[PDB]
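One chain comes next, on its own, written as structure tokens: the form deposited in one PDB entry.
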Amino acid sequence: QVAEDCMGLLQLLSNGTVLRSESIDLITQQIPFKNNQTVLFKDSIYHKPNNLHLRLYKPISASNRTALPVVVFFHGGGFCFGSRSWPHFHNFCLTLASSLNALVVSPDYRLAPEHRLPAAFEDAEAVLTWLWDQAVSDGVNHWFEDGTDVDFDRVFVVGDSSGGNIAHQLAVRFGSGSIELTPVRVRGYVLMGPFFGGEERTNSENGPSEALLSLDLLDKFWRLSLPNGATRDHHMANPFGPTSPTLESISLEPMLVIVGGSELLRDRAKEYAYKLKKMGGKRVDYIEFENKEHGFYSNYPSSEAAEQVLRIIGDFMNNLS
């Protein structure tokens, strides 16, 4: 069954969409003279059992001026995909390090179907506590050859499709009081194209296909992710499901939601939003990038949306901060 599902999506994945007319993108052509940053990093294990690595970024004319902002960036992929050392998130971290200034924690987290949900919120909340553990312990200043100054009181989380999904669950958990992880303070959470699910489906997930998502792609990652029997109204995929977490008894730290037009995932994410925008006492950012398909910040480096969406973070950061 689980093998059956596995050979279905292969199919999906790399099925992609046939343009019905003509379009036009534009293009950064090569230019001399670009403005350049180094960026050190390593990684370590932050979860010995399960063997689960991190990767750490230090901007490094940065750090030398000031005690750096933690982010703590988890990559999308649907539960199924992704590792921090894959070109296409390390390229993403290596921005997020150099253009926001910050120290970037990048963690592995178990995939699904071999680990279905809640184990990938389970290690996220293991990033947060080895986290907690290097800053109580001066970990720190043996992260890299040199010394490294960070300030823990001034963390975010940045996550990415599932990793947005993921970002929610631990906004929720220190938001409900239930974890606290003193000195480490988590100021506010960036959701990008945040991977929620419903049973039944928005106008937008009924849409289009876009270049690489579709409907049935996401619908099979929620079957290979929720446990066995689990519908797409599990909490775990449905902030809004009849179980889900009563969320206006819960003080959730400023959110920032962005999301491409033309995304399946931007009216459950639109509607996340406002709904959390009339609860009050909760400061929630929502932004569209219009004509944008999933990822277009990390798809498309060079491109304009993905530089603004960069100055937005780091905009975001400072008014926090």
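Positions refer to the first chain, counted from 1. Definition used throughout: the rigid core is the maximal C-alpha set that superposes within 1.5 Å between two forms. First, how it differs from the form deposited in another entry.
Once both forms are fitted on their rigid core, the CA atom of residue 314 lies less than 2 Å apart between the two forms. In the core-superposed comparison between the two forms, the C-alpha atom of residue 305 has shifted by less than 2 angstroms.
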The other form holds:
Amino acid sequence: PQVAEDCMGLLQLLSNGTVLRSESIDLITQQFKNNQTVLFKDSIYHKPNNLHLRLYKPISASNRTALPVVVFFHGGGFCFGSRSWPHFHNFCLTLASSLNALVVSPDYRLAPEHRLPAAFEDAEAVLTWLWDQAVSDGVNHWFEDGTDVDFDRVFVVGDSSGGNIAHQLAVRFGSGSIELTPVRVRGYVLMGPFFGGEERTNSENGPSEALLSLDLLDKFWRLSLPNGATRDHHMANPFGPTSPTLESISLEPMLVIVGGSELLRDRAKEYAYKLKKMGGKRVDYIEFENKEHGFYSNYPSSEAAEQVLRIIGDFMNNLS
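Now show me the form deposited in another entry, since the one above was the form deposited in one PDB entry.
Chain only, nothing else included.
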């Protein structure tokens, strides 16, 4: 059937997004009366793969002080998503304005065309691109304006599959493997992190969500993990028999945020508490009762979404 080549090409066109030619400004309503302007523009960070990221600058506080960096990795189960998608663009406008930080929102290669670890390799290229900009006075060319950026205050915020990406970066940075001074990642925020495993948890065997189901999560892993791999692969299960030696590596402080009704609740809770009992690991586990996957971005202007942005801000303030 040729209708199969088309549904494949549909996935590519669906998450291809667009690239802005010039810088643009949007209005974002803060926690409909209080507004805020956020400057943003697209830049290429990997020329061979034609991968772009979006930089966000809150205009009001950028001229007041040096901004910390928030690298945001969007979700999509390693198969969907783009930094230009309005759902993710709106969340980054909220991230920049509420956290008073420069937001870096990069695209990354998607499965099944680019199976894992293609997404993790792209994430490291993002941080390496950030390092290249930091040491070369490149922030001054980021906009038609000066930009003061505190590269000693970098934070990685990962949504769903981006939360998995954030964990892989935290491991690679904490193991002394990659090292990008003066870029210093002080903390990691894992928001409903897309972790997997062959054996099911109780919440994974529970009722389906508004969008997520256990069958959909299985199809995500199967289409994104390499051919012939199981859900116990280290790229899916952080505690699989491949790279579970997290006791040795020095992990940065972490924040795990999930909804109480999430299918991925038990995996993230087990992930956080296995880390809390490892020595030298500061991990805060926060569970929002009766919420499903992506409540912080699926329902903005709701109380739960605003509390998440506050918790991330407090988490950033304490770490610096």
